[PDB]
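Model the full structure from these sequences, guided by the hints.
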Amino acid sequence: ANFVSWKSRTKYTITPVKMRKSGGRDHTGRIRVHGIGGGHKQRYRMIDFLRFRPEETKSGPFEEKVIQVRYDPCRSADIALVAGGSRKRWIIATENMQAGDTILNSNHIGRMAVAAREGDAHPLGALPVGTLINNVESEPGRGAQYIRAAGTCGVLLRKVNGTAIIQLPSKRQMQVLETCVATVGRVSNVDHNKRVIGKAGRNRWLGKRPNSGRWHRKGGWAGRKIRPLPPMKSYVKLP
Amino acid sequence: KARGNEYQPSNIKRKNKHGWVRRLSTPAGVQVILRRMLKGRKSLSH
Amino acid sequence: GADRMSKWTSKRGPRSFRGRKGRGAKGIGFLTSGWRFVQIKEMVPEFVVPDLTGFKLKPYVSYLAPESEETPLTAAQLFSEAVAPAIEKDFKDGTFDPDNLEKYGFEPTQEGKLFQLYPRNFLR
Amino acid sequence: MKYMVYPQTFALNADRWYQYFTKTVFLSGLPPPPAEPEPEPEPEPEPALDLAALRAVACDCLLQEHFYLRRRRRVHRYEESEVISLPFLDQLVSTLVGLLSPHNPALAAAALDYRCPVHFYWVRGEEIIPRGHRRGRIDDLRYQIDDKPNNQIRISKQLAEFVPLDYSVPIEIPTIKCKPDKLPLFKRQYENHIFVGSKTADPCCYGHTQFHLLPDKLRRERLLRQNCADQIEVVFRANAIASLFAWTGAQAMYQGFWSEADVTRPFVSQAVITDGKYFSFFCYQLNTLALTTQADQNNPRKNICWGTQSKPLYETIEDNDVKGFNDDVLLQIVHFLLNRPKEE
Amino acid sequence: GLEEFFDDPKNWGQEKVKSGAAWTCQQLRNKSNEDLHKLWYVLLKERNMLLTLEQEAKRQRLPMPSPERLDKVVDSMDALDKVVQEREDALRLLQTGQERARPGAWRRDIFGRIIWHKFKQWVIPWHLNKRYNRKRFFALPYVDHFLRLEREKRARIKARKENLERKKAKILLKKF
Amino acid sequence: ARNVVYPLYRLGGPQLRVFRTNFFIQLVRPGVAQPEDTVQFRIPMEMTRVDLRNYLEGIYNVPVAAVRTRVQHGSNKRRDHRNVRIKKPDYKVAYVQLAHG
Amino acid sequence: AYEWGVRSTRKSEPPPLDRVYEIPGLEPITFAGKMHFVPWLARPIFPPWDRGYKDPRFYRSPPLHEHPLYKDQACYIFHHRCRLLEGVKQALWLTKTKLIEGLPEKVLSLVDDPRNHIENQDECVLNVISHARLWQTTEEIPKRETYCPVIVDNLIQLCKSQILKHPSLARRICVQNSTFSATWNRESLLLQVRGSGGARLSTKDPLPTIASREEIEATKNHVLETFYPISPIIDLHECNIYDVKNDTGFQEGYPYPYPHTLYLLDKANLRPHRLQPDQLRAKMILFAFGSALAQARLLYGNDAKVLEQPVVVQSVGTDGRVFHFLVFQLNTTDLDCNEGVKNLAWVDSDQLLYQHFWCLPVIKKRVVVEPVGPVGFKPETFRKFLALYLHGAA
RNA sequence: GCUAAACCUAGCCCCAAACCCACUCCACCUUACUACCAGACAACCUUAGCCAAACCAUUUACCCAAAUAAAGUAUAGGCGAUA
RNA sequence: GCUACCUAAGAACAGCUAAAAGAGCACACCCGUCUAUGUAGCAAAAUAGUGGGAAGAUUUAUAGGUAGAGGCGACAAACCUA
RNA sequence: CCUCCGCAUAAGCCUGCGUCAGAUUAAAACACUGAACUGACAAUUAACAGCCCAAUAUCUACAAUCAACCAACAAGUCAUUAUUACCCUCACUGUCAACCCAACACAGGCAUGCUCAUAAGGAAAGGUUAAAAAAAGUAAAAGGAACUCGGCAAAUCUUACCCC
Ligand SMILES: [Mg+2]
Ligand SMILES: [Mg+2]
Ligand SMILES: [Mg+2]
Ligand SMILES: [Mg+2]
Ligand SMILES: [Mg+2]
Ligand SMILES: [Mg+2]
Ligand SMILES: [Mg+2]
Ligand SMILES: [Mg+2]
Ligand SMILES: [Mg+2]
Ligand SMILES: [Mg+2]
Ligand SMILES: [Mg+2]
Ligand SMILES: [Mg+2]
Ligand SMILES: [Mg+2]
Ligand SMILES: [Mg+2]
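Chains as they are written, first to last, in UniProt numbering: chain D, 61 to 299; chain X, 47 to 92; chain A, 14 to 137; chain B, 89 to 432; chain Y, 63 to 238; chain C, 2 to 102; chain L, 30 to 423.
To be clear, the hints were calculated from the coordinates, so they are not data collected in a lab. Beta carbons are placed, not taken as given, at the ideal position from N, Cα and C, and that holds for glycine. Do not take every clue at face value.
Unchecked claim - Derived DEER-like restraints, expressed as beta-carbon distance ranges: (1) L:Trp78 to C:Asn77: 30 to 38 Å; (2) L:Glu174 to D:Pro133: 29 to 37 Å; (3) B:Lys399 to L:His385: 20 to 28 Å; (4) L:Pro45 to D:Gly258: 39 to 47 Å.
Stated by the list, open to error - Below, computed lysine-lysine pairings styled on PhoX-like, alpha-carbon distance capped at 20 Å: (5) C:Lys88 to A:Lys20; (6) D:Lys148 to D:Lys118; (7) D:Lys148 to L:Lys118; (8) B:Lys390 to B:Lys111; (9) Y:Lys197 to L:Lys63; (10) A:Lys20 to X:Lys63.
Dropping the structure here:
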């Protein structure tokens, strides 16, 4: 089984790289994840999820400029290439972001809060209490991983001394270090749940095989579970 | 229907599925060739 | 089924097999990036044919030729016929030196001259 | 199943084979000028052709592509006939049709194309299929010429003829007593095309003079190294004959003429075939067209193809100038581009 | 020219041709080097002419006039080749001192057979080649049984041959 | 020469020269129609075009213009007495042409 | 930071050596003599190997940290692919030139004369367009690459055929395959232009000065806009290995040194491969600026000062349906500061020659609607092209 | 009397003795029967099962050290068919 | 290599109504609801139409992978060389 | 008289209706002599598709659908730069055919271009008489599903109701 991954590019670029579908085939060849296979050909875009990043021979804050908002078939939300300086990198677009916009990627935490807009990004230590944020990180200098879909957003709860509890869309609390950069606002491409499918042709184009036709008797896990909220998971390492 | 033409003539698939390189790239095919030489096969593989 | 007893020639494979098989022809060059052949004049066997003007020797021998005994031409006979007289001549006077033997035809290595014997640089 | 008559072939005595396949003859030398119309008004303006300016612009266009040129590698010996002589040829024909516009008004409305293919299809001769499931049955011998010149000059009207249609020549056409498959000639099967350089809706159906160029495979030194001293003019003659025959066929099959329906007026054609230094001149006049065995039973008309030897234009370009420059070649070149259509 | 591929025009169909007594090994060893080379060229031309004559006779559906001349030229050229090979081997032993100009070594393949591997003469060395490293040279503990079975088969063959020889000897002693 | 290992030529090495060749050409009469300049031969399976040109211009000294060769595959259908195919030896015919007409 | 390197796709690390090389004073018994890879404990360490004789097919180039043309600073080379974002903005910022909407009155006064026209210009250009669009090849729908240079050379020949009227057009030649080179400074930023367009027109006599000294002195008060979120070195080939030079495509002794009109072609059969109109305008602006700078360096030496005799290097870029005219004029060479004298250029944007061409007649309900022919035609584009072509020879 | 019936030799199995062999030149690890180019990773593992005990879950000579009597003795074995 | 699924590069679909359509009739094409012929037949599964689709959940040329204590499965215990 | 065929490309053993002698015997479902043969004679020559690309770093977001109006969604089938070194050149594989897979000379199956019927190609019939029975085709004085469980071949051209 000569199964080689198509992720063979160790340098960030702008040209969309061609991707190969899998259909539930790992390195052995057996189907391990059912429901994937047969879809329309797509091209992968190298999306830079890390918001704040210094350029070559740079350190201070820098300005950007939104050019054009396109669409990404690999996810639900749409992407938008934002130019700035002497390089162009793909980032996740936010709500009410059109052509000719100006966003800021700062990092110096101030004494008081900053009344930023819904396009620029600032660390959680300079944002007021009760602000719709998105693309929150977990470790300083790691990358945005949580809240990255279409329309998803989180709201700041409270602050203690060096942490920042962020309310996740799953109604679950989660704290993180204060020196973490997170975007402000909501992701674009809203009303995604109202997208009526219509026919199975759309699902076949997206690359999703129909479910199994076997009649499985529901065991004891098919009932409704009225469970309380799980405790807040902490990522701050304490000696 | 007319189930009888169960063979498709092709040399690429034949060489890639039952070739000498594929046979000797695995001790299974090597043992097969050894048994063929022990029996008296004039032709070892394709 | 297909044939098995017959050998693999150049009229069995599809369009992707006609070319890399051949009939055992010796290559005299290589290829480039424009589907061209770069033939090197130093790779084609140059036939050296001597002149046959004043050559008085027929390919067939007459029956009036007397026969003789057959014996292989070993290296010892050639040695005793070529190097032995010179060695005896230089030793009978008083000038032989077992340190240097390159003046009799012996070569310590084969990387000096062109026509080497053990690696065989010449064709035939 | 039809043959592929390649004009730029590497065969030996392919000229006689092409003359047999096209029913053409060859006459060494340029055709005589038409001395039928006596021009009594020879004393008027008459713009003098200043050969000095023509030679100057020719040497300038030659040194532009041969001597000095901002290149980006060295100068590889290969593909040197495609990046040096090929641009020089189109530059020369462009400056010629530009300078010969006041002297010849026919070149003002002429469409000067750059590398356009010319195709032609016809039937010539028959045979008997020896093998196959169609043995003992008569079949036709179809041919096809896929030529692609460098520059063509297409005008609106037809040029003046040279010899009449009922011209007789004692030199018969060459014949062969062998199968046409002996020289490097093969039979394929694809779409039949009869193209001249433009579609039938173009009002410029006729032409003037074409220009060709031999590739790097048919050089002079390569033929001299392969023990082929007399194989220098035969290839030029065969290429010229094939190109002129294809051109005349494409021009005749656009007015309603073919195998059965003959022609009502001859079609004069000119072509200037050159290589990297030597220039050749050939002429042609389409006389007959029926080449099938059913129609070529009592057809005394034969095609005529004139021509001359290959003469060099320059000789060793060095010392930031030219050493030798023959004037008769340039004179014949500038004369073959001033042929005006017969207008009464 | 092209007329050397045929024999004398007067001998074009003379039933039997008188030509015999080919070369021997001693007469070829007695000659020098340029003479032997010219004689080899003459023998090659003669063999080519005889092959052309034989092909023409086979096409004309007629027997060859003298087929022994071809075999004579063949054995003469074979003797010349043997002589020049013996001379080359003697010179190599007097210079380098090793037999067989084709280098190699006794290596065991995957089948467990002790064969003589011949060097192919590459450009790049062997410690970085891609195709040469894929050529394995180890028995691996799974061919010992096959080698033992082949040895038993050869032993059975030899025993049956000896039994046949003994039966033949007994028949010879009984009848005679 | 055939059945002889050729020495590996290095970029810039001496000229590959052969003295005692091991090639045997056969002048076979053409079966079909052929012109007066095309001559048909029969070279072994280990012989190209330039090799045949050198062999014809070095020994016989025949001016050769062009060489066009192809492989001929012998018949393989004749059965013996124990039902077994009989393989015929293959050969390579040539079609050389003269130079000086 | 999320790395883009996959461990399964990169080269795997070699397995560690055996426990025999960690013994001080003990040589291993490997398989370096049998000359074949063994199963029996056999895996040594081979030293590096190099070739003593260089081979063009197996030649490795040294790294960039020791090249003879390597420098500490990085340059920015512009060619025929650098798709600039803010085309006009970057062009005016790198060339230091004031943008003018309308065209000069000289070409208008030369083209409005009814005598300087073809005997049947409309029908001639219509037949030329129809031929180049449909009657050029044997196919039905030709590709843009196979009819763009065709119609370009057809228009060139049509404009050249008027030599019998103006006895001065013989001093021109359509030069094919030419390279440009010009180096300059722009606020402590070393720049260089190096491109190779389709064709160019060179003459023996230079073009007359268009803008007089009045507008030249008045342009000094005009400031240039500068974008802040974007850097002017965007979409440029940033390389450290280069070579500074001020040599143009022709040395001394050439009969046609002075250019006239540059012809850039965007031969591309696909929309993503075709350049934007603003990108084409920026490209032609940069090409004209490089040509003018090379001419200034060749004539007035390599000095950074104001030129008393300005040069005019026109340019035009087509694509198969639209045209973009340009009249460029260089007035100074010192471009280190933005408070000096600027340049002047006349750019004519949005110039369509024809609306659409129908190669095949559309049939809707067994009847035709639009026949074969160029539907919609604007002769103003061809008039402006003829004016720019005849501006050189009065 | 047509169809068709017999005519002995290639040898075949086991003993005693003996330990048996493997390039004339070229091609043979890629599409073996292919002359010629840049990631070197590739073995080291309780065999199982049928049958029998009227089923079957413990168990069932096969294990590669020359004979025999001891002796089928002490022993192991749902203490039983067996070893 | 027939058949279930997946992967990369290609090809196929006249004409009319085209309501914008996983629209209709209908060539070539994918499958086969029924009648008639034979069950040692043309065939260890055929012959014509009456048939459904035929701009897309369609078909197909090439190459590779998923195999029995399993593969696959729009679930027939269907298929894995009659 | 048919053409629901043929010619090429793709896949496939490679010599498989050319000549000569035997044609006494042997395979044609019978004969001439030859698509179910013995030996000898030689076809096919490339320009057709392959046999391919010297490296170090860097660059490539505005589809196709006549692509020019408009309009989208399944978000898409094609491009380079700077430097170093390299001016020896046309070698190799097949060009036959009535042919492949199904034990066969089988009413089975096979991908694209060409005029969708023509310039490609073939013969339902060995002869004698008109037995019964069976199968495939045209229609019939009156009824038009009254025969059959059921409109079961067939031609007219066919509406409404119920379940799923
Ligand atoms: Mg579901
Ligand atoms: Mg279900
Ligand atoms: Mg039991
Ligand atoms: Mg299914
Ligand atoms: Mg539909
Ligand atoms: Mg339908
Ligand atoms: Mg069920
Ligand atoms: Mg053919
Ligand atoms: Mg069958
Ligand atoms: Mg017919
Ligand atoms: Mg009958
Ligand atoms: Mg009735
Ligand atoms: Mg009833
Ligand atoms: Mg019915």
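Do the hints match the structure? See the list:
1. Between L:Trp78 and C:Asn77 the beta carbon distance is about 48 Å. The supplied range of 30 to 38 Å is therefore violated.
2. About 30 Å separates the C-beta atoms of L:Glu174 and D:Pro133, a value consistent with the hinted range of 29 to 37 Å.
3. Checking the proposed 20 to 28 Å range against B:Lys399 and L:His385 shows it is violated: the Cβ atoms sit about 51 Å from each other.
4. Distance hint check: the CB atoms of L:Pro45 and D:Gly258 are about 59 Å apart, inconsistent with the given range 39 to 47 Å.
5. For the suggested pair C:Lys88 and A:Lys20, the alpha carbons sit about 10 Å apart, so the restraint of at most 20 Å is met.
6. For the hint linking D:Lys148 to D:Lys118, the alpha-carbon distance of about 16 Å falls within 20 Å, and the restraint holds.
7. Restraint check for D:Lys148 and L:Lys118: satisfied, since their Cα atoms lie roughly 18 Å apart, inside the 20 Å limit.
8. In summary, the hint linking B:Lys390 to B:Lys111 is supported, as the alpha carbons are separated by about 7 Å, within the 20 Å threshold.
9. A distance of roughly 13 Å separates the Cα atoms of Y:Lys197 and L:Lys63; the hinted pair therefore holds under the 20 Å criterion.
10. For the hint linking A:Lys20 to X:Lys63, the alpha-carbon distance of about 18 Å falls within 20 Å, and the restraint holds.
The structure is inconsistent with the numbered hints 1, 3, 4, although it conforms to all the rest.
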